[PDB]
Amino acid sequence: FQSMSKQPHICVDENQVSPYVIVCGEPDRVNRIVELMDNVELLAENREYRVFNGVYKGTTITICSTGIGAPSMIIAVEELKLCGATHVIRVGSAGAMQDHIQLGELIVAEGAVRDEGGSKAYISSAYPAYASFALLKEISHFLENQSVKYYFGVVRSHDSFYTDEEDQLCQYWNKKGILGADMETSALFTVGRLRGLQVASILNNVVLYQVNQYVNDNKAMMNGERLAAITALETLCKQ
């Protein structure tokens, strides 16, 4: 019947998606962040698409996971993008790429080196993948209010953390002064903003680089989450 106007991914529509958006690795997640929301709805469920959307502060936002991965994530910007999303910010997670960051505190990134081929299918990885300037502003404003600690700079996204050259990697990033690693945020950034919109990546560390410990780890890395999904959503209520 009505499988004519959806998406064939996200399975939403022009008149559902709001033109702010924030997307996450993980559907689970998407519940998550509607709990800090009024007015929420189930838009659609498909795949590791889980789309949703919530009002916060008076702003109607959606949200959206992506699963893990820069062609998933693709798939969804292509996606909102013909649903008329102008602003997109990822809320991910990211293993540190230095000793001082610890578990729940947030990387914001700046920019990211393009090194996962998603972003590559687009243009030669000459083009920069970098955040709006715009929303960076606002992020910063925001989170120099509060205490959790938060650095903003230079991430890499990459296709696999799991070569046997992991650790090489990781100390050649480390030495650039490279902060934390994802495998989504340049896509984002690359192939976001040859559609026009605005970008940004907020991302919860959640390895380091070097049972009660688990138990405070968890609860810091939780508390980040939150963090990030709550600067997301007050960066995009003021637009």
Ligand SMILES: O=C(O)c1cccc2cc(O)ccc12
The other form holds:
Protein chains: 6
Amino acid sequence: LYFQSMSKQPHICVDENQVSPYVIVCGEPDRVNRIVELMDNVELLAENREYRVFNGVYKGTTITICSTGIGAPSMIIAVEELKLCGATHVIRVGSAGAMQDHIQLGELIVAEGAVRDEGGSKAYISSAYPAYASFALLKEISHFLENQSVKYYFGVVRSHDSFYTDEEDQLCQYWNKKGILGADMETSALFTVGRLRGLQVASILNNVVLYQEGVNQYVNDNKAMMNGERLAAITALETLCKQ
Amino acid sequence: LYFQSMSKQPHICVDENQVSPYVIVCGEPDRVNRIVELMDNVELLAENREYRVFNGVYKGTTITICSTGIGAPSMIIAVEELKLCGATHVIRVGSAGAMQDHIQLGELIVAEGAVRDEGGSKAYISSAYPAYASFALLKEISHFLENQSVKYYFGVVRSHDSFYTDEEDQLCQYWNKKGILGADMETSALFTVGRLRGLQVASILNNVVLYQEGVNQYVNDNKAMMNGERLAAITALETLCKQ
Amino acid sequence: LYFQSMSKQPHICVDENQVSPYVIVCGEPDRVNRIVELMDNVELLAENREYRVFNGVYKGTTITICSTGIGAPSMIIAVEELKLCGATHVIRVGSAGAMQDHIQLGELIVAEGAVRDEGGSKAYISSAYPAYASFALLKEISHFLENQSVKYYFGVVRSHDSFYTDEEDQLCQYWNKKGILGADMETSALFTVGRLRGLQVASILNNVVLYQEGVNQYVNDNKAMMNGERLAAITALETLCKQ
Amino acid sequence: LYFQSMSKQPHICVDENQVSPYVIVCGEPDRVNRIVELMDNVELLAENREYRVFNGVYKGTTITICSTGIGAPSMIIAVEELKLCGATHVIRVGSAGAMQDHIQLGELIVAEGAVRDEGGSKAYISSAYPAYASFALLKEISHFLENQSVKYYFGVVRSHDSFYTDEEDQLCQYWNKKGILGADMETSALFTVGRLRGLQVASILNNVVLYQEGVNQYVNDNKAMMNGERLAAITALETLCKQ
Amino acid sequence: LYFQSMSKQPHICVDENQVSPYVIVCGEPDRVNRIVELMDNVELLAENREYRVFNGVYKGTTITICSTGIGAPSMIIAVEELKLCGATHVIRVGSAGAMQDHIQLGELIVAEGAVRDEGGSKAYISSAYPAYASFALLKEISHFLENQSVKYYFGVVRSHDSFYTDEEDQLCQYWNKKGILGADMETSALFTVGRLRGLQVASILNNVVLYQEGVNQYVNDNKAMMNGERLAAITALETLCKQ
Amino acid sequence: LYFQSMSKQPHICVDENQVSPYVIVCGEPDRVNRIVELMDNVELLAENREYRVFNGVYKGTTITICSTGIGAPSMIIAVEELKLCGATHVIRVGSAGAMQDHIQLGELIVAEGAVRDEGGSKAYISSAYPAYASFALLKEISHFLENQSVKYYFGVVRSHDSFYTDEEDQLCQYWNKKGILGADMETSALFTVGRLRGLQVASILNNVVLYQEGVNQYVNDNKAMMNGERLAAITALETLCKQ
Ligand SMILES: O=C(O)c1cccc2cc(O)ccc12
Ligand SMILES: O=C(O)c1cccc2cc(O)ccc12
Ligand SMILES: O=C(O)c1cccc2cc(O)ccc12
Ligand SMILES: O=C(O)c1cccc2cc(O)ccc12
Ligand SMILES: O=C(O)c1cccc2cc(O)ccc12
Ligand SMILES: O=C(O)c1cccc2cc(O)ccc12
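The form solved without the named molecule done, now the form deposited with the named molecule bound:
Every chain and every other molecule in the complex is listed next, the one we just looked at coming first.
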């Protein structure tokens, strides 16, 4: 009761004896339960606020799965506390809204780099510092994805703090013209804070919004997005077990 | 199944028929369950990611209780979708870390104004726009609090995107000298975005960190913080049922 | 001659033995003469540049009346020197140009908060710090105004350094859409610098420009504006004598 | 009564039939009365708030003398309205605080350029735009000053919105090291806004503060500053009558 | 004479018939002459200001070699005009000053990402946009370098506009603590502008300054730097001929 | 060989025994060869990258001529190293693109002031610091130019880091309306860094682009630009030999 408040990190509620060097983070707590279905020797570590934390084993490698909620500030809390617990490699398995016409629902966006349009990373360092993915991780992600059939795109995503501003339309058109593939709320914060803490970082995003329907299409789309999530999780697991 | 995706807001997962004009928001999903214990005719509306949404009745007035997770971006999603559902008055019942020496754990900080050091509100409008609480709400909060015994402080809080930067020490000392009472991650975003959407807004914060112990003190402190949370919730409920 | 340069503040030209804790500031030197007509035991304290300084008594309370000229920099000089002389409560009785259609000439705008679009407050502190009015003062201002017949509006004003830029039209439309009630040159500087110096602060503004005429209307409008000024001064005096 | 509000500029309260193309501006209203003592055919044009406006004749040339109060915002109002009245050449006769050790009281600083650390000019144009004095005017100012005995310095001044910030000490040392000669509140705004409105502009500043005393020295210093003011006014008058 | 001004790009002085899709850029004109010594079928294309442009063949692939002078603005001119001439892959072979202790002269820094502390890229796009190297190119650079003996480092470099500011010491220590490997003047501009123009981009830097000597050591150091340059050029050539 | 690396500045490759107090800088290395044709006792000092450095004598005065390449960063390197070598007066003889309709090719723009829209000067000091030309130098430049027939214009130029951005059209129209005479890449950096290093600075620009043709006109235009360059060089030489 008291020894836990002493030993555990205050938000993710785990310690260095529990956290693997290899970690997958995702925004949605329920996604953690889905991801561990792909793994053996699964155990619940902690549940606190938006932070749901499990360990599992994939091809002999222990990997920690951690939800972080929506947005840079909740991601950054997780990244810092995971680092304190001995994390060394962190892959985000997330969702994105497409910023280019021909990206279908359930297709994947692999963030090589990210526009730092969220405030969280800016608390740490000038915006001029690059948010980009680790080469070692991208190499394995590429090797895995090129050997299957679902379409995927490597490039730049935009991370931001709100899609509900009255300028959303203007922003979407501007960023589309700059060749941004998709938008999320967290990738740039993982890339910036993680790199500064010496972590290897990457981000694999399931497309869940078209750039721009009946019950049948609705069901088909849901299945496509579920398939994309599964592919993203598998790609991350395959990448991390090879480290 | 399909009609819900049509009718419900995509994150808080409720509609205009469900949401009261009067709303309490909090960061912690489990706090919603604690708050509704103070209310009658309670019903679960939605549970999605960090958004846990209930209705209850307090002295004849229906009030919606909504968790929002940690950080401005998740708060802003909630504020926007609540507005779309017909919210008119929103009070944050939250936690803060004290920025002045003599603020004890479980004492309350009522945010008259907030430093906009989070990125979320900046997506909407120049930082020069004031984050401040609605007079109508502050009047009722003051009237209630002055008639009880727990210490409370009206003034400025700082809202930010990270307490884990290497400059945290420098920031704390700077802001202490400027007379800031406490820090959180969300108040300024509620105040800025809410006011811009025409909402009456306020924020009542339970102090959960001293500016600067045995098992006994640990238990005493936990009780004090629980008492402070309860007081904050009651103050918000008393304020909203009088609108 | 020499002892005065030693004892008096260098711009307002008064000392701590002269200044009341309770102060009204206004931009126009001649307005001071008009305000003291409402007061007893009136005495001229100092006249220097745009700073015209008088004491008077209103319902048994001594209150200092001080002009400050146009603009944040001249206001800030006054605020700092008044603070040094022992001021504790300062109310601005000023003029504004309306930023909403239905605000008539001589109606009052009570600034709950202010957009810090002037440079003066920015010299002191990041623009993210809120410019807002003190609750204690707003409560008394509201109580007084609700008991009379002239229309008044509580909300946000914009303070700025120039209404003569070629973008004035664009600014007016932008700020109108954001729900700003009116514009002046000084309120945000009083609110920011005053709060930082530990002063209770408020601002009551007479509307002197429509958002958007014969000799008869011209005379009627002048009378309306004079009536509004008188009401603003009375409201400030009633508020301060009750402290 | 009504025709005046139609014809006169709203702050300086004069029209195009009254204002000379050649104008001296100063902060202090009482300085206008002192300056016109050096001139013939003097007439009071207007008195409104901090704006005291006179015409006089110096060596056959009619020149308008206009006070502007303290600070960029009140200066800018004057510059804009003078421009509207047909001003073409404007010289500031002002005061400065020295930022270098060996500048004595009553010695003159001629601003070749100015640091735009005031908000007023920033309302008009990016800070990257240069605040500098007109060559035609500097040539005549130099020609006049080199032919007399009081020490004077050509170079950069800093214009700002407050000398009362808690960082004043840090600012003074920083700017001293950058070779700034002196500080005022208005020069950069005249230079920036005036140049943008197509005016020839210059600024001659009487030093009134040492960078860093008995009744005797106090009197001697006052005389020195009065002599410096007189020299500055004469230099401006000699320059403008030669245009 | 006249047809050339019509057909050739105005600074690099070549056209689309001359430029290969595959290009090496370097700052030093004389480095171009050294690089082409490694190539067959070499021809001088143009010589204009700091832009010295040659074609050569390396393992059957035609590659253009182009000097760009020092600094982002001259680099950006080259990138834009090369793009207009049909460039698709551009590798910078440059020099850097080390920002970490154990990087020896003539060891290589491969820029995965770059801090955009130069103004050139900022003319195009918000600093929040990432300056990073293309995965396809990094994969080949890594594959080549891991198969030889000279030490090399993948990571972040800082690109800037001056190493001669009085804050150079403070900057070096700050950036060293952030884990930056080395500094140059151009990499971030190539990465930002090149990516925006749809180019594949990379940067291989020869270390020419220790983070922190007799005639013998001087000669040894010069040889080491020459060997490093040669290695960098070979790596770029090997990478591009495989595209 | 080794003593040179010890004694010479690392980019301009000259020392204090070689550099005159009086210096002309230009962007184009080949322009140095053209300028020295106007001079006696000419000697090549150094050739390194874009830096071509010669001494010559003009009417008994030794003057150093130094090319600097394109852009602020390469200019700033030259300014700093020239200062270290004992330079005291530096005049830029450069090219500009006209920003006003009636400025013909080969007419001269004398920069009184410059918009600091390049990053190089910003590395040194806040953009609010003025980039302007030295009075002593402008006086002599004016005296010389008024006594000949080629049209010339004194006023503001804009210095920037790229003319190839997609906003070039918008920028040109904006700056044209603000009365900017012409644009280059270096003037503001010379003015800012040079003034901070205590140098007397000026800039004389040959117009080489109309704001907005057959072989005959092409040849006529080339001659006009050559004549303008010659005039600019002569003006600089006449100015410096009189110091
Ligand atoms: O359990 C599955 O095989 C599965 C099937 C469908 C969707 C899934 C999504 C995940 O994130 C993980 C696993 C799945
Ligand atoms: O259920 C309670 O009475 C209670 C008791 C203790 C702590 C509480 C905190 C809340 O937010 C709400 C209610 C309580
Ligand atoms: O003297 C008055 O009663 C009066 C009458 C009319 C306008 C006034 C304006 C003031 O600011 C103060 C007083 C008045
Ligand atoms: O009236 C004077 O001769 C005089 C004498 C002394 C100081 C002065 C200052 C001024 O600005 C103008 C004139 C004077
Ligand atoms: O010519 C060489 O083999 C050589 C030898 C030494 C250094 C070199 C540097 C280069 O950039 C290219 C080639 C070399
Ligand atoms: O050599 C010349 O007389 C000459 C003739 C034509 C153009 C010139 C340009 C220069 O920069 C310098 C000299 C000239």
